[PDB]
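With chain A fixed as given, assemble chains B, C, D, E, F, G, H, I and J with the ligands onto it according to the hints.
Here is how the chains run, residue by residue.
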Amino acid sequence: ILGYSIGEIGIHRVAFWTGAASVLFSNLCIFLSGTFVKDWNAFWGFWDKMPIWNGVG
Amino acid sequence: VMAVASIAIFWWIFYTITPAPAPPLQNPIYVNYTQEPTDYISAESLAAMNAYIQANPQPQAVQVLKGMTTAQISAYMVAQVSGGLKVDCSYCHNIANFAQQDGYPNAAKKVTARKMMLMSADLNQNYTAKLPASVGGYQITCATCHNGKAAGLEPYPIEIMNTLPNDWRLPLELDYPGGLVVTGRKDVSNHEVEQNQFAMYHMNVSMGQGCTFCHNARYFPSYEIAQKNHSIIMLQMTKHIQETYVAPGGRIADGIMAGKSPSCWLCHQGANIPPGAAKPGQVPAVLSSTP
Amino acid sequence: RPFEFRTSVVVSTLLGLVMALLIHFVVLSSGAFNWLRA
Amino acid sequence: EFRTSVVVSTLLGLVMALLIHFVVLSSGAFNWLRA
Amino acid sequence: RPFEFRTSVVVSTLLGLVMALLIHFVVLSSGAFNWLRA
Amino acid sequence: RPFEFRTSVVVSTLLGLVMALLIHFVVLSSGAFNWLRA
Amino acid sequence: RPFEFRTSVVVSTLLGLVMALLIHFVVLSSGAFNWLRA
Amino acid sequence: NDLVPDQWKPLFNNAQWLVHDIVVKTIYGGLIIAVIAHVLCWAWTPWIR
Amino acid sequence: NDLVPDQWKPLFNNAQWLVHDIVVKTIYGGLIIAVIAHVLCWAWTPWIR
Amino acid sequence: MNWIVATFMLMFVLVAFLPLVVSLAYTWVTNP
Ligand code: BCL
Ligand code: BCL
Ligand code: BCL
Ligand code: BCL
Ligand code: BCL
Ligand code: BCL
Ligand code: BCL
Ligand code: BCL
Ligand code: HEM
Ligand SMILES: CC(C)=CCC\C(C)=C/C=C\C(C)=C\C=C\C(C)=C\C=C\C=C(C)\C=C\C=C(C)\C=C\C1=C(C)C(=O)CCC1(C)C
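Chains as they are written, first to last, in the working numbering: chain A, 125 to 181; chain B, 760 to 1050; chain C, 159 to 196; chain D, 303 to 337; chain E, 159 to 196; chain F, 159 to 196; chain G, 159 to 196; chain H, 177 to 225; chain I, 177 to 225; chain J, 25 to 56.
In isolation and in its complexed conformation, chain A is listed as follows:
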């Protein structure tokens, strides 16, 4: 099933790492929202105007 076996020592490392990473990214997001970003829709305004496709429309 899915063609890969992680091993006995592998799964516990992955558990530890993912668990630890989730909360870190979360606290970063909240601290940032409070201090530097007023709304999140304006943040993505830059993507449309990427030179590669800014005039093809």
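Think of the hints as simulated: they come from the structure by calculation, not from any bench. Certain hints may be false.
Subject to a maximum C-alpha distance of 27 angstroms in a straight line, what follows is the list of computed DSS-like cross-link-like pairs (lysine-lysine) [what the hints assert, rightly or not]: (1) B/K869 x B/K908; (2) B/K874 x B/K845; (3) B/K998 x B/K889; (4) B/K908 x B/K1038; (5) I/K201 x H/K201; (6) B/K889 x B/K1038; (7) A/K162 x B/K987; (8) B/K874 x B/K825; (9) B/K889 x B/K1019; (10) I/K201 x H/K185; (11) H/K185 x I/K185; (12) B/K845 x B/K868.
Chains B, C, D, E, F, G, H, I and J with the ligands alone, transformed into the frame defined by chain A:
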């Protein structure tokens, strides 16, 4: 210590090089918009104006603006009429006998201007007098809706509506005492909710503040913030503008404004209490809410 | 011995292709050449 | 470990040069590249 | 032995197909040829 | 042994089927043929 | 080896490429050179 | 082995030396071309002004 | 690991020493260029004023 | 004022990020 020292050096650099923070524009009349360079108003026209003020005491044949003297009228015109549109002084006036239109003194503009004056007075009297205390006495004038531009203004620019679809417009064909409500209705699906959220984000971008400006996001149907009542009045006002002046029985027939819906952004322009809005006491009596 | 030759040719032909494609896209979208109805 | 020191040193130096170059450019006080 | 021939033909026939498809889609969507009601 | 025949026939019939389907979708959605109420 | 040589060349070519690309993009977007219809 | 000089013997292998040589030559050529291109971009329109 | 002097023998290996020499030389050159560039940026337009 | 303290607090957030990286690199090194 290397890190904190580097951060200090960087901040000293920034403070030194950075150009100083800006003081807000202070103008005796408008809240945040000024007409200061009057080079756009030609100078030979300004000379001829002095003569008309000094020569006659009262203005011959004024249909509206009934309680004013030629000097007051001239000053008001140069301050707000030419100032709102940034037009030539002769843009809809002749050198003499400018009470009527003869010899195409840029005809078919003076009458549209007069109708704009009437419409502004009517809006001011019917809708901008609601919960006046604690909101201020600011009043709509030429600078509002025109922002220094004579014609060709756009009520929906491209910069706003980044997330919205470009075909979308504010839906003004609804009763709006509560017609947009969606919570718990059980006869509306996710499509109606999507239209609602489009309109709400538009109101969000128009107003400078965020989404908790008027909603108390724990319960959306609640009216505790009291900044919604103001929005109900403004919504009825925008619907009235569109229905009465933009398209009275079709844009072609008896329409002014060239079929441009008000859109809630051309007025406020990114802030509550829009900058073009005149401070209380700086608008003619006829044009103001209490005449 | 310090480098496998095939890794070099793989990365070379990937970088070159991506770079040609990106330049072609940018030049087309700039609208300064009157190419394909412009 | 010596290599940890050199890695963190270059990274910090590069980031710091880039940040200062950005701040000075965006301040608009030097008449550099049409200013 | 180092460079397997079949890897070359696989990547060749994939890149060629993708490239033909992309060019065909760009030319069709440019609207400059009057092809299929244009 | 160097090239399994069945891999060739599998990839051939998959590519052919996908290509026929894509072309028929594009032609139908172009709306230029008056086919099925158009 | 206090530093594997190949790590040095990898990081060098990556940093150089990124830096050339960034400078190019900044100079193009500044609009101060009259290059490609400016 | 043993093709690298004695002063750099503990650092460089044999194979690592020739690559290096290629890297140095390429860097010198690139610097010459960069200097020429800069002189040209200056003669066209100066950027400091 | 006997090319490094005795005072710094516990700390530095043999190979670490040469890379450390390269680092010191590069840092000195960079500092000289940085000082020249700041004198030039000052003569152009002073920042403190 | 506001921005000096803000940058200094962001430093602490990244320091909170730090230990997980040491865990990963320790595992990479000590498991040849
Ligand atoms: C005209 C002057 C401008 C100015 C704009 C800048 C800019 C722009 C920069 C600095 C930077 C520096 N400035 Mg200053 N500076 C000014 C005002 C000041 C004032 C003040 C008035 O009080 C002070 C105290 C400083 C102080 C400083 C130093 C802290 C710092 C560089 C020293 C360094 O780390 O070592 C020397 C430099 C190195 C980091 C080591 C050398 C590394 C080697 C040389 C790397 C070069 C390799 C090259 C990039 C690639 C070669 C090509 C290869 C082929 C790949 N500046 C005014 C505003 N300042 C520089 C910086 O580093 O910020 C950290 C930076 O770029
Ligand atoms: C409209 C509201 C927004 C929203 C706004 C927020 C906000 C605001 C935040 C999150 C945060 C979180 N949200 Mg969200 N979030 C929304 C929608 C979602 C959805 C979803 C499917 O839609 C999901 C899955 C999440 C998921 C999450 C994670 C990203 C994160 C979880 C907090 C946490 O891990 O750290 C929380 C960690 C702690 C505070 C626990 C500390 C516990 C201490 C150590 C233990 C004390 C001991 C205690 C007394 C018990 C003693 C034991 C004895 C038995 C009594 N959100 C909606 C869209 N979300 C939070 C986050 O970022 O984390 C910083 C946060 O800031
Ligand atoms: C019209 C002028 C436009 C412009 C448009 C383009 C476009 C568009 C392109 C370039 C590309 C290049 N341009 Mg130019 N370019 C301009 C101005 C410049 C300026 C400048 C004035 O400063 C410079 C320095 C350059 C420099 C360059 C090089 C960086 C690059 C190609 C160099 C080389 O030979 O390829 C390096 C060597 C090769 C590419 C090897 C080719 C390998 C084989 C031959 C590929 C065959 C492909 C084949 C079709 C696949 C099927 C084959 C099967 C066997 C059947 N251009 C102006 C703005 N330029 C090209 C690019 O880099 O793409 C790679 C690119 O497509
Ligand atoms: C009308 C002109 C349009 C345009 C439209 C197209 C379209 C559309 C296509 C190309 C394609 C190509 N164009 Mg052109 N192209 C234009 C302008 C250009 C310009 C330019 C002026 O700079 C250039 C350089 C090119 C260059 C190219 C090549 C990159 C490419 C094909 C080269 C080659 O022979 O194929 C390489 C070799 C082959 C493709 C081998 C073919 C293999 C066998 C014969 C395939 C048989 C398929 C068969 C039907 C399957 C069933 C067979 C079973 C046995 C039954 N075009 C203008 C804009 N161009 C073609 C592309 O690349 O797609 C592949 C593509 O379809
Ligand atoms: C009306 C004209 C429309 C158009 C509509 C279509 C449509 C629609 C199709 C094509 C398809 C094709 N078109 Mg055309 N096509 C047009 C213009 C073009 C132009 C052009 C002017 O440049 C070209 C070059 C082509 C070229 C092609 C070939 C790429 C392709 C089929 C070639 C071949 O014989 O099949 C290769 C060989 C075969 C397909 C083998 C068939 C295998 C067996 C016989 C399949 C039997 C299926 C059976 C029903 C299943 C049950 C059987 C059980 C035993 C019971 N078209 C215009 C726009 N074209 C066809 C496609 O590729 O789909 C495959 C496709 O369906
Ligand atoms: C027109 C003047 C513009 C400007 C535009 C640019 C642009 C654009 C670029 C630079 C780049 C550089 N500029 Mg300049 N630059 C300006 C002002 C300055 C000022 C200043 C007054 O203070 C300085 C100090 C610099 C300094 C520099 C260096 C940091 C850098 C290149 C140095 C070097 O030789 O490359 C180091 C050595 C090399 C790059 C080695 C090259 C390696 C080989 C030769 C690459 C070959 C690529 C080849 C095409 C791939 C295909 C090959 C296959 C074999 C086929 N510029 C003004 C604003 N400058 C260049 C940059 O760094 O990009 C990397 C860059 O592209
Ligand atoms: C703004 C005014 C001028 C301008 C001013 C300059 C100036 C000034 C310079 C350039 C430079 C260059 N410009 Mg320019 N340039 C302009 C417009 C263009 C246009 C175009 C679209 O018009 C193009 C295509 C270019 C392209 C280029 C390249 C020719 C060159 C940058 C080399 C470099 O960065 O790569 C370097 C890339 C890397 C460091 C890595 C290279 C990768 C190697 C070669 C690939 C083999 C890798 C090997 C297999 C190992 C694999 C390792 C893996 C990564 C792990 N310019 C405008 C017109 N441009 C710079 C240059 O020429 O100097 C050489 C230069 O100084
Ligand atoms: C605003 C007024 C002046 C200005 C004022 C100054 C002043 C003042 C200074 C500079 C400095 C520099 N400026 Mg400046 N500068 C200007 C405009 C430019 C322009 C251009 C677009 O116009 C360019 C390209 C530059 C570029 C530069 C570099 C030449 C230099 C910064 C070195 C540094 O940060 O790297 C340092 C990078 C790192 C610390 C790491 C280097 C990486 C090594 C070399 C790569 C090998 C790594 C090795 C393999 C190990 C790998 C480790 C891995 C990373 C882990 N300036 C304007 C015109 N600029 C500073 C400088 O020259 O001092 C030296 C300087 O003091
Ligand atoms: C002052 C109260 C006021 C004047 C005066 C005024 C005049 C005026 C003119 C002359 C035009 C037409 C210009 C042209 O060459 O056609 C015009 C057009 C529009 N106006 Fe107006 N206007 C005044 C006030 C206001 C206010 C407060 C609003 C806000 C709703 C407003 C709106 C508009 C709109 C819309 C147009 C049409 C713009 C176009 O693109 O067609 N005016 N006004
Ligand atoms: C949108 C636009 C404009 C895009 C532009 C780009 C275009 C249009 C095309 C680009 C590329 C092209 C032309 C791709 C074409 C691919 C083809 C035709 C593949 C072969 C099919 C032939 C096939 C599948 C024949 C397969 C063999 C089969 C079915 C045999 C099946 C069998 C199997 C396997 C058995 O057990 C035994 C029975 C039998 C032998 C019949």
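Outcome of the hint check:
Between the alpha carbons of B/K869 and B/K908 the distance comes to roughly 16 angstroms, so the proposed pair stays at or under 27 angstroms and holds. A hinted pair counts as satisfied when its Cα atoms are at most 27 angstroms apart, and B/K874 with B/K845 qualifies at roughly 19 angstroms. Distance check on the hinted pair: B/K998 and B/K889 sit about 17 angstroms apart at the alpha-carbon level, within 27 angstroms; holds. For the proposed pair B/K908 and B/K1038, the alpha carbon gap of about 21 angstroms is at most 27 angstroms, so the pair holds.
For the hint pairing I/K201 with H/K201, the CA-to-CA distance comes to about 21 angstroms; that is within 27 angstroms, so the pair holds. For the given pair, B/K889 sits about 16 angstroms from B/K1038 by alpha-carbon distance, which is consistent with the 27 angstroms threshold. Of the pairs offered as hints, the one joining A/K162 and B/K987 holds, with about 22 angstroms between alpha carbons and a cut-off of 27 angstroms not exceeded. Simply put, B/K874 and B/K825 have alpha-carbon atoms about 15 angstroms apart, close enough for the 27 angstroms limit, and the pair holds.
The straight-line distance between the Cα atoms of B/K889 and B/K1019 is roughly 26 angstroms, inside the 27 angstroms bound, and the hint therefore holds. Using a Cα cut-off of 27 angstroms, the hinted pair I/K201 and H/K185 holds, with the two alpha carbons roughly 20 angstroms apart. For the hint linking H/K185 to I/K185, the alpha-carbon distance of about 20 angstroms falls within 27 angstroms, and the restraint holds. Taking the CA atoms of B/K845 and B/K868, the gap is near 15 angstroms; set against the 27 angstroms cutoff, the hint holds.
Consistency note: the structure conflicts with none of the earlier hints.
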